[PDB]
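Take a look at this single chain in structure tokens; it is the form deposited in one PDB entry.
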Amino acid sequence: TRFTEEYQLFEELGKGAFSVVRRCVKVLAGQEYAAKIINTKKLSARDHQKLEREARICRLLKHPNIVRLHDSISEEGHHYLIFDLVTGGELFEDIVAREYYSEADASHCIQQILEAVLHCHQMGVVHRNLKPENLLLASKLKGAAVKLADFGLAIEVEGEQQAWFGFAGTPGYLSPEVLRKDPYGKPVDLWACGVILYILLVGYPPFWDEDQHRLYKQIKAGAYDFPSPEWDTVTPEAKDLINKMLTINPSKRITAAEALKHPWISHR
């Protein structure tokens, strides 16, 4: 079709499983974009459809904290998803690099994420795979803008209707309700936001074990705490939000909207 007509590729930015992301420019506009190139030829049509579903969802979502999709193109043997360019690498990488975030930075960061989650939810979309690996930083500076990525596992809900949408996500960040093979919805993303905030503050996750069966027994039982010395200095407000995010029953758990009104996010 018309991709190698309008854009021109430069350096590789990352490999995925089936994919390769590369900085590209729209040659008429002179506009930098990130281009995720996928192999049609290595993929059944069932999986062509799985991809055109990802693009459909990404284009309902115009938001300052969500990597916007500008175009989506089928050529012979390749597919091109044109995202906003984000040069500051994964949130994960920058957390490792800085060991942990200050409450002030962690708040500014989780706030932006919650905003993104809220917009997803009010547009009838649940991400089901929130983790710092799927959050790109605008730059590597200390209070940087964070946009949300990969809706490869994102689903469509009708209103607050819960349902069994299958067993999917990342084991660290899975909801009790999903492991328990109960029906679920928007709250699964707020559970993940719980995990991500915790990581953000002290540099490790509230649930971990090398043996996955134990990791799951941990999550189901709401088995997190705030160890010493490092959590002793951290405000009780910060703790409170995490406690309302890692509430084990999903109906008593805090919503994206409730979360954005919490003192620890909206103070002064």
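C-alpha atoms forming the largest set that superposes within 1.5 Å between two forms make up the rigid core. Numbering follows the first chain given and starts at 1. Compared with the form deposited in another entry:
- Looking at CA displacements between the two forms with the core superposed, a shift of 2 Å or more is confined, among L215, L43, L60, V234, to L43.
- Positional change of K244 between the two forms stays under 2 Å at the C-alpha, relative to the superposed core.
- Remark: with the core as the superposition reference, the CA shift of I254 between the two forms stays below 2 Å.
- Comparing the forms between the two forms, the C-alpha position of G143 differs by 2 angstroms or more, with the core used for superposition.
What would the structure be for the form deposited in another entry, rather than the form deposited in one PDB entry?
Only one chain is given; partner chains and other molecules are left out.
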């Protein structure tokens, strides 16, 4: 009963399958948090495994560019994952409002995202669901940190060992190897980083179609291009890093470590 005794609930911030995210206050400390509230009434034993996996993965990850878990609280009928409150909103909304980022801003942005991904990979975590909605700005004040969030689809992997871990992720950001239903691992996250960097620089995605089957064909074939006029003034070094992230063959796809050494990131 630690949550009911110590915290008060306020407005909804998001929704999930069996869950809700809400601002809460730890009343005596006067400190605000975001709580994922899961209804655990007649949860499947598998769904219990998934809940404990998310909590365990979230406890592992200590990084400036990852949302911190503060507590995991089991009450009768409800479980609470208490995270930092981040008030800057989704990266998604910032990109739509500004339309696109300058190369210097996009680079600073993707640099933080890759550092968070590098940490995940070093700790044996694959997110599987990177996209602008899952990346949150630490404040509304321009220059605010990006924080990786929503490890609900994250998996634990043993070093570089890959398997068919299941079909999970978001259509626009899915890797060819996930869509083919082939074994995969850490590189699925670098593929999604490629999609996000593309969006950062021109404010629309490299893969989109009204027909989902045609969308998946385009992705599996790495069928993206750099149309005029929006790409007319973008450097080849930016195109190059995107190319290396959007490499179909996952062995030859740039790693988070390699991407952070790419001149377009490191030589500024």
